[PDB]
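In structure tokens, the next block holds one chain alone, the form solved without the DNA.
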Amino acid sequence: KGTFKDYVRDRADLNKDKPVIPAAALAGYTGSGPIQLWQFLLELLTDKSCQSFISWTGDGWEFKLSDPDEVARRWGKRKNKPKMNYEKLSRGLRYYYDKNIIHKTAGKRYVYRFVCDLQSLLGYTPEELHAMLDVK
């Protein structure tokens, strides 16, 4: 067990992958109150550790979902909404399609793309984050 001081030290020495765009801060910034799906997606995209199931493609704000179900799950376990899955996640993406926040790339299986002006909202450029995340 050890003490709290050892716990902090150890976590600070081990845990080393904090998302560049935390959905939480983003909701506070946009004053959206409750966490939003598009904000959550950004958090996962600006987190190297998640590059296993979700990452940028290198072309603008385009990103692919290597494992859609992993996003859906982490989406349901983050909003404390276990009743949330890939299906209840697919409904959220189409809303974003009609609201022009995220568009699906034609031909691709699970390759979406943010179509709103993120650069003016986040302050970062696509190529910038791409470099901060070692995007390939």
Second form
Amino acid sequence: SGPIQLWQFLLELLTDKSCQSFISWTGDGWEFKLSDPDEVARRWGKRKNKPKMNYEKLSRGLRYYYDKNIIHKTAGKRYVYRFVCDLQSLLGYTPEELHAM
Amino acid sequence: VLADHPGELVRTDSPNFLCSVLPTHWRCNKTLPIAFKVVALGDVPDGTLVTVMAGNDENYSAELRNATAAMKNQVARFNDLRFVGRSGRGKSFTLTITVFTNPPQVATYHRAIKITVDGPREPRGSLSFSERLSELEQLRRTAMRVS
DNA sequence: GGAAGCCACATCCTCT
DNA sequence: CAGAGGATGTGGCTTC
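Next up, the form deposited with the DNA bound. The previous block was the form solved without the DNA.
Below: every chain and molecule of the assembly, starting with the one above.
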């Protein structure tokens, strides 16, 4: 469906009230949790036409963002990460405004 | 010494120095297939610093890793030297070895190695999020095209 | 037409 | 497993 980057895909699922089951914001800034890893893993592999895709590999990709300062992990909270880039300047919605919608 | 390692040393544009043969093409930041060594034919006291620099038309001075080594027994053994910077499509880097004696000495190894991101490889008004994420997910596309 | 480059991962793996 | 990172393959895609 065109070029797509993991952090963007996730951003989709987080803007799709339908997915809240397996992945959702946590209310704190841009922090979020993958309530159901294997699922997200499943969709991502699909969006990339990567059957074998799973969370062990998907979490690797997330790690590559640590350096690049796009996403950081939250210490102690399994499956919990956080967008660290300036999503507000990129999209225009403060955490609450977006959280609302 | 050339007998212990046949075809593993090569001559520099300097008659007093030899350096290991490098791969024609190699991946950026990948470890080399052969520890890189600089051999001094004349007498170079053990402990003299030896530095290598890579460069060419595109990159005056490419970024390297571990480009400094200590000379010991006429031989400076580099510990995992790596080329981070790229040489440019269909281009190579010219190494500039430099033994810091007194005075310092310079030896060159022209058109030595080509460094690329893959290296030698096997032949192959107000819009919504959806709209904003889309523009965002393309940026590189249109940004490059239109510019 | 296609080889040569670039890019973001996709795989895989060792510990803790 | 979960989680940090390194080493290196893979497929998309632009450039010559």
